[PDB]
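Q: Next come the chains, spelled out residue by residue.
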Amino acid sequence: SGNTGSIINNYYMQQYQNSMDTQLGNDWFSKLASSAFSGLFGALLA
Amino acid sequence: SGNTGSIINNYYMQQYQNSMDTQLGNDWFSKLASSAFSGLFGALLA
Amino acid sequence: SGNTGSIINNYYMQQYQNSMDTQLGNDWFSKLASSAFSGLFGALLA
Amino acid sequence: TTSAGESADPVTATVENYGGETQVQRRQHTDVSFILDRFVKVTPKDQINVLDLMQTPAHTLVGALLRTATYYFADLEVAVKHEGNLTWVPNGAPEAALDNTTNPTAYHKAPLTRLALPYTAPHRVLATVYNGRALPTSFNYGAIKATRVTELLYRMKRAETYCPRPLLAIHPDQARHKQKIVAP
Amino acid sequence: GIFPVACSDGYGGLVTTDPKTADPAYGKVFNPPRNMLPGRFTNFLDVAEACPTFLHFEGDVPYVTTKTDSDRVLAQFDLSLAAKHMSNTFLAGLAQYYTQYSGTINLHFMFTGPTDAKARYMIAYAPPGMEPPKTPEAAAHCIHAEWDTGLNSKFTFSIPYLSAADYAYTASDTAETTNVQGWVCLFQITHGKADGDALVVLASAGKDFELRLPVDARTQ
Amino acid sequence: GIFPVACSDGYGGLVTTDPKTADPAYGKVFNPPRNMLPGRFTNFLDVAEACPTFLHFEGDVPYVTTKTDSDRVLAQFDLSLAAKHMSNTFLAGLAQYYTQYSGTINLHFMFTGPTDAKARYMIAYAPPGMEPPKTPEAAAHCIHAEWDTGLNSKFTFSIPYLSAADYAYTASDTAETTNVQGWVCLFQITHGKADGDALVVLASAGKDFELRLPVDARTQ
Amino acid sequence: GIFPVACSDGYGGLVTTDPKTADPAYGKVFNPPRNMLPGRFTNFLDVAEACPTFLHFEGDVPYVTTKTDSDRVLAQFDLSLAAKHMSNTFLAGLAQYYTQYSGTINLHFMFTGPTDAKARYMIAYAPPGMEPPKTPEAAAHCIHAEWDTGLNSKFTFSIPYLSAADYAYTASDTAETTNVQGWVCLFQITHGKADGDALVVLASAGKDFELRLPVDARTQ
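Residue numbers (the UniProt record's numbering), protein chains in the order written: chain A, 216 to 240, 266 to 286; chain B, 216 to 240, 266 to 286; chain C, 216 to 240, 266 to 286; chain D, 725 to 856, 881 to 932; chain E, 505 to 724; chain F, 505 to 724; chain G, 505 to 724.
Ranges of calculated distance between the beta carbons of each label pair, as one might list FRET restraints: (1) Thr546(E) / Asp733(D): 53 to 63 Å; (2) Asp527(E) / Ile929(D): 49 to 59 Å; (3) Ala721(G) / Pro781(D): 48 to 58 Å; (4) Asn233(A) / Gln238(C): 48 to 58 Å; (5) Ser216(C) / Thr546(E): 55 to 65 Å; (6) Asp677(E) / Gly700(F): 52 to 62 Å; (7) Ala732(D) / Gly597(E): 58 to 68 Å; (8) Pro664(E) / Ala834(D): 47 to 57 Å; (9) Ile223(A) / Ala668(F): 48 to 58 Å.
Derived DSSO-like pairs: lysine-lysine, alpha-carbon spacing no greater than 30 Å straight-line: (10) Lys833(D) / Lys524(E); (11) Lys532(F) / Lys805(D); (12) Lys532(F) / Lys833(D); (13) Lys532(F) / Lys765(D); (14) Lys571(E) / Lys697(E); (15) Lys271(A) / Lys711(E); (16) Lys805(D) / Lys833(D); (17) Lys524(E) / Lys765(D); (18) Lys711(E) / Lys532(F); (19) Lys711(G) / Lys271(C); (20) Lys271(A) / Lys658(E).
Not everything, but these chain C residues come out facing chain B in the computed CB check (under 7 Å): (21) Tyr226; (22) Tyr227; (23) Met228; (24) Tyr231.
Because the hints were derived from the structure by calculation, they are not lab data. Heads up, the beta-carbon is just placed ideally off N, CA and C, and yes, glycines get one too.
Using the sequences and the accompanying hints, generate a full structural model.
A: Structure representation (structure tokens):
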């Protein structure tokens, strides 16, 4: 999450360091990045 | 690398102590050292 | 070697605490101690 | 052990030749990586000090050995007996870059500063002599500043130079230089 | 007794990056839900690369109008992040925070003029060692390319990563007026009733692009 | 509660060699490549041994000219690193940094004169207890060897490691004018139209050579 | 975060015996060889036991001359290490450093006189509670033994370990003039032309011997 290179369980329990992200029931920017064509709208020569 | 006689993983993670040497694709002075003949250009006697 | 009752590898590596005794190729006072007869140069009586 | 000499192919010789035996040397000490890992206290010129190496006394062990192999690579372990808060800044980073606490702005304790330092040059390798008193502005391992720095030491790490240079010393005068050792 | 310990001097004195974490003193907190939340992202060279920006310019406008004289050069400047036109763009509005970089950057072109405005442009890229041209003729000797307006408008040219060191800085000095990375320079062939048109150029991160060594230092 | 601890006095107070390592506070740095880079090396007795050097001398020149009188002795001096001729050489330009040593060192010879200059030399090696000779005759009683110019020029003689203690120092005192290691001494048999020629002697580390106990102490 | 710790007061403040070891800051040292080196040893009650010593005496001489009167008693004194004759001997030249002890000590006898000098001696050993005799007659009631010169000269008698506590001290006071361990006393039967001879007595550690509790305290 940035700079956490501790080899231990950072001692203090899981439900203690940070606050647990309850669920319900690059995410997207990587989705529209990994899809850019380097092709050619004609046909390469030489 | 000089004087590192620690029995642990020096705590702080691998990608943290030193900067990782990315590859690509005595090294040599030992190569031209380990090849010096103590022979004789004639023939030993006695 | 005197008073070393540490339960760990005294942390710092082997080739670090003391200087390694290179070989070559009571030792004796115990040899001339463990050989003293309590016998009798005649013959016990009574 | 005769041979051709204007060929300069390494042509050593050893004991056995005329007699005697040859031994099992333990050069562990003349190990380049080993004898370069041990701090050098260079003058921390004021506060804004650049992690250069040709600043160090070209006569100290880690200095000398340093000035003997043209190329090289290694990391850093510093020391800073000082005042205020050491706020180091990477290589290339604007002189001015070193000031904002957000940057690695260490907080004083007692008494110096022992921290690790990556080798951060854009070049795949560095040198004490660039043929390109006159050596490159990318040749700096970052740059420190606090608010008064009294002790500057650089424990070079994971050392490894390349290519060689000339090693000479204390020009005697009596074919044998005399200087008091350690006596009983 | 108890395990001895060496209260070692110099290890632990607060570092604005210290690897370890601090102590938690509240704990047992169950937050709300962060499920499939819109347009997230986690890398700035992801949106940089993923969503280009136009360039500031002489005057300020992004576009550029067809010269109708021999003076063809439509652009020209220092090939580095200091580049004023870039200095504001998204990729430049951040490389500030990173001392060095490597990779490739892109220059996307567009027309806006009438269909009765058929036109031709050029893109030269010279390096450090000489000063940029002013004649596509002299320029056609760098690593370039020629194109002309059509059906499809846009077009994105990737400019090469060339430098002695695999890197070099984003900052600059009045020592680097010879720039360690070149003076990219765009020109203008010929055209037709296509004078005064708009050829806006934008900028994204090419795939080769990379950025490293975080440096924060007063920027507004 | 928590694990007790003995804040032990005297353990951890900064040592210019301290075995342990410090703390890293940047991390995650991927460097450039150091692949098969030219002429590396990692031991100074590797290049010492691997690439000899000539010796400074009376005057300064490295070579030596054939005496044309009874005075034959071409060389002679203290067999120790303090040796002025060596004090500059590569092996000597470093043994400074190591209090002791053991092993063997080599003395390579060369001629440079005409082919009409056939010549003969000698190499004596006496020890501590007596002063070196001046007559190959008296000298032929040490551990020596004789040679004469030919087709092949060079020749490297290894001088023996002899001392009470398996070691002894590189430094010296005005107490050791009797040297704990000997006075090696080179001479000159006879020759022909081979007077005033050049017999340059160099120095490398023999295989037996070894060096230990790092000592740094002001040297320029 | 990190592992909490109790900087416990009073644990670690330098002890001239502290079990733990200090920190090493040079390391990687390969020493010379210590192979089968002469007359080693590793215990002082090994050489004590293994190589006896004679006893200082009235005057100073070690030996003793045959009384030629009724006064037979050849020796007599405090059975403890304080024993002047012992106080110098090897076993006594060390028990200084150990508060207590237990075990047995030995008294070796020897003659030196002519073969025309046949003689007889005695060795009595009385305990605490009474003062030593002066008449082998009265003495023959302690734990003793009789012997007479012959072919073999030497002879070593072991004196018994008797004390309430399995131990007792090596030191002494002007409170212990009644000694907690006895007054061993040697005498002299009869003889022949064997007056004025030399019966030197030495001392080693018997097998039963033991020594403990190290105490250092000014001794020259």
